[PDB]
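Note that this complex is displayed minus one protein chain, with the remaining chains in position.
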Amino acid sequence: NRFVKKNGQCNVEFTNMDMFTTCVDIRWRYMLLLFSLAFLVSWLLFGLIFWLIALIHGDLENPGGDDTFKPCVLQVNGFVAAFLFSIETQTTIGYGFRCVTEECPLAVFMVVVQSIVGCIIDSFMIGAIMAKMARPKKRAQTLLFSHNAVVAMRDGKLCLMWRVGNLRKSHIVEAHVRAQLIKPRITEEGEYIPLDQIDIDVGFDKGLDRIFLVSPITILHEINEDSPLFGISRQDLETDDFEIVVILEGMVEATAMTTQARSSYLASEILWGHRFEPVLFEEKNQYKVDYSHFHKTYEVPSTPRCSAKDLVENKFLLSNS
Amino acid sequence: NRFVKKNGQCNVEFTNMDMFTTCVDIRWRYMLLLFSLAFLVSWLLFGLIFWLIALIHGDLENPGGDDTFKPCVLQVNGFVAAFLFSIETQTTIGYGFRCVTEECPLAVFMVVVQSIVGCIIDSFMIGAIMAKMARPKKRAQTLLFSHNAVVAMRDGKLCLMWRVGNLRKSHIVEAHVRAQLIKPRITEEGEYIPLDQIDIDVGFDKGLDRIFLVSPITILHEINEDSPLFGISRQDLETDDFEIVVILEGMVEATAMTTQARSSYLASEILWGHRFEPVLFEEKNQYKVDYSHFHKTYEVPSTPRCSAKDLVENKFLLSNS
Amino acid sequence: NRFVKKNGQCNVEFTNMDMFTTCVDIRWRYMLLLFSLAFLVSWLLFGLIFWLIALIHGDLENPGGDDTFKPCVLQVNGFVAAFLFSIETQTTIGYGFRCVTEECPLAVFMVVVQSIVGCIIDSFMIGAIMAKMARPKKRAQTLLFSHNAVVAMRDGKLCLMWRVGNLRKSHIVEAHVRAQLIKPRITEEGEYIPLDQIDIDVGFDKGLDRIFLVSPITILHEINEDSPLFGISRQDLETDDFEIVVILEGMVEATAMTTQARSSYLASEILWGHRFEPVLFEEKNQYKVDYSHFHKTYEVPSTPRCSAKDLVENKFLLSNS
Partner (left out) sequence: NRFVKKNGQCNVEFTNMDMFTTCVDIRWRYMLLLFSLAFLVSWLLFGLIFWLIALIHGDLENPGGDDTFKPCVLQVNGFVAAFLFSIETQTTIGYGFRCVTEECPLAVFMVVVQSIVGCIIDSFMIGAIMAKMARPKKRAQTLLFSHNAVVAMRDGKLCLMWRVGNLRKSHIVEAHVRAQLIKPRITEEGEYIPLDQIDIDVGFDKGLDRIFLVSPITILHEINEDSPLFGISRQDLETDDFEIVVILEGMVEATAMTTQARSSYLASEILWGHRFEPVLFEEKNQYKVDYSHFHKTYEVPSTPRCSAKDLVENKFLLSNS
């Protein structure tokens, strides 16, 4: 049956799966004690200003008032009272017991200022709880690489192969693969390149490195005359000091951000003479992906143990002589 | 007249169209009962703390006060009264009947704490109603694929064709197409590739797969020596077990996100010997797109019923012998 | 001197320049009357509920209370009073004159519900004033195309040319150009392609279509054997029914979004035998771009009036015979 329904839907089911720009991530909760501190500080500073005004205006001795004396802010009889009035103005609770009167222009202007400072102070709380909220970093790896690489024979050509799989049902827009052999080398003119990176060809010049990754796929690398692996047999493999790196970039629909899945294979991790265990089976009227066979291989004794470079050289005599 | 005005505007009119990172989409409205619950819980817990303080401080028996006794919070005569005071502090309504006094440092600090917890609690409500708001998933498909593929003859070459159309007036930035024949196959060395994906060439090596999709366009695939369709005649078509997948990626101006429109054609869905009904007509001084002829085809009996592989082989004798 | 300082800075100065997913752009201000209406409605509905409770509980006749009778909400003596209490609870002003008492569990729960509905109602106001704010559509065109195309002779090759310029000092990341001749044509097998789009080659196979657009640049299109313009002389130009479209895609640093600048040239708009007036002059120790010469051309009478197809055919005899 269908692999892709007439509307894009993919017919597969997965199974058996296991300045202050640094403020955005200013911390985990050191930001919450930072804000709760921003409050306390402005609440105290203003509680102090109002207490100073109540001190000098002579209110502390006639907090309620007379027909002759009107306080700046009613009921500010001390600092705990001044502190509370301050809090009540900013939080905008304003219980009302402590209340500004129209007596001191200073107190009025102080209430006007604490209202703006207060509105600004928490318009930022929503801006920080916005950065540190709408922008994490531990995006769970949705892409998966086989544990080992395999060199076997496909369609008469000797290739290095490795698997890639989408752990999610979500797609990867404009996805492509890359590989490269990393080993230290000395140039002709005698020069030391510590860790030289050499491209491993997986299809770039024909666009074949562009993949449509629904169910897991096996990535191929034909080992030919132009390969940094051309002259490597199975024995050479259990001795060499090289490492192959594998990348899979693309646009991940889920995290909706351009991704770069990576992984590696040391010569000691690539299994020669093997093949991957299928993972896609058709359960009739729908396909399934037994994600348990993902890293599973299996011997193929009919696989040449010599290098691709020699495999070809020999072919000539048995065609020539 | 003009197809593209001197300022980009396109001269066409369309007609007849039919951790908690999972919190972002934590639900539909199970989040609203989640918040309305976050409230109720903090309102009750604090109402309890204040009621405990009013219990131990001996206020429940003298809620208003004397010249000798001052409660921690005036008018907390019970738990419903304690509950209300709690609510009033956080919501910041503070009617004022229930009011903190400057007596118990504990009660003062409790009001200071409930104000911060409260401000934090709803700074997050705006952060969640922000994720689940500024990031959906049912983005309406703006791209459209013809219902069937067609194999006919254009400019002396035999090609597989299919249509694509932009359902919106909005453009698709950097848009390109891809196709690929999906069928199971056994390799030379005898190996089972369940669902092998084989690229169908639509112009990648010349950049011709890059499209400027205003009015619908017909995508062509010349069936040549290098095609996975090279040896398929019309009869073979009513028997084969293959499926062709079609992708159209690009940057959609509307959803302003990289898209991947898909679709499929089973051998049984591609109409041999046909051609698409035009959809673009010039109503003089402006072009129109009768989107009703989108999936409409029409027979072309002068179309070869043999495969492209044979069509070419024959050409030699009638040129040779 | 330097065109690009050692740190990226570019040494040029410009002168003489002239479901409800549709809710995001739900309107201009029909959204503000939408919210101010959302308020009024919930304020009235609740004012009604509280007035109903005050009606049935018998408060309307004893709004203040006795030592024997306690209202649900003090001072609700009518509907205007009930309306106000409702408003005061949601806005969270709570002047205090109208105040909930701990008498009716219904009234308490009604205040609890109006507080949550109210907090939700305006957490959305910030979410809508967020969509319709952080996502417009009239992004001012920052890219500019010359008014006319020009066909002249450069380095011995006959080319079609047109200008492109960045109206801003900001750069265009990964910018590339494209052109294509749009004209209706009938295929060999006699088929009508209304508006056929034919790629005009500007350097894709060598990557030369990739541009680093600081000061304006002249885009070239060598008219060769492979051009849809190969057989067009100056006379043919004052008769043909073709139109050339020009695109310039890339990532615009300013609008930080993938862009697609467009434009067009009808045969009647491309000036044969011309050349663009320079726009870049070095005012010593800094470069300037007189953006007034942008669309200015100038005759070059030594320019062949015949087509590129003929220009080449002739070259043979005067090299041959």
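Note that the chains take the letters A, B and C in the order they are written out, and that residue 1 is the start of every chain.
By definition in this document, contacts are C-beta pairs under 8 Å (C-beta built on N, C-alpha and C of every residue); 3 or more make two chains touch, one makes a residue touch a chain.
Undergrad: For the chain left out of this view, which of C:19, C:256 or C:318 touches it?
TA: Touches the omitted chain: C:256.
Undergrad: For the chain left off this view, which of C:64, C:231 or C:278 is in contact with it?
TA: Missing-chain contact among the listed residues: C:278.
Undergrad: In the whole complex, not just what's shown, which of C:26, C:173 or C:186 touches the removed chain?
TA: Only one of C:26, C:173 or C:186 touches the chain omitted from view, namely C:173.
Undergrad: With the full complex in mind, choose from C:215, C:260, C:263 or C:264 the residue touching the hidden chain.
TA: C:215
Undergrad: Using the document's definition of touch, tell me which of A:36, A:77, A:86 or A:89 contacts the absent chain.
TA: A:89
Undergrad: Which chain C residues touch the hidden chain?
TA: Against the missing chain, chain C presents residues 2-8, 10, 32, 35-36, 39-40, 43, 77-78, 80-81, 83-84, 87-88, 91-97, 122, 125-126, 129-130, 133-134, 136, 138-140, 152-156, 171, 173-174, 206-208, 210, 212, 215, 217, 251, 253, 256, 275, 278-282, 287, 300, 302.
Undergrad: Which chain A residues would touch the chain omitted from the figure, given the whole complex?
TA: Touching the missing chain: residues 19, 21, 74, 88-89, 92-96, 99-100, 102, 105, 108, 111-112, 115-116, 119-120, 123-124, 126-127, 130-131, 141, 147, 178, 180, 182, 187-189, 191-192, 194-195, 197, 199, 204-205, 243, 245, 247, 249, 257-264, 266.
The definition used in the following text is that only the chains that are shown with their structure count from here on.
Undergrad: Report the inter-chain centroid distance for chain A and chain B in whole angstrom, where each centroid is the mean of the CA atoms.
TA: Roughly 20 Å separates the two chain centres.
Undergrad: Just the number, please: Cα centre separation of chain A and chain C in whole Å.
TA: 28
Undergrad: Residues of chain A that contact two or more other chains, please.
TA: Expected reply: 92, 95-96, 126.
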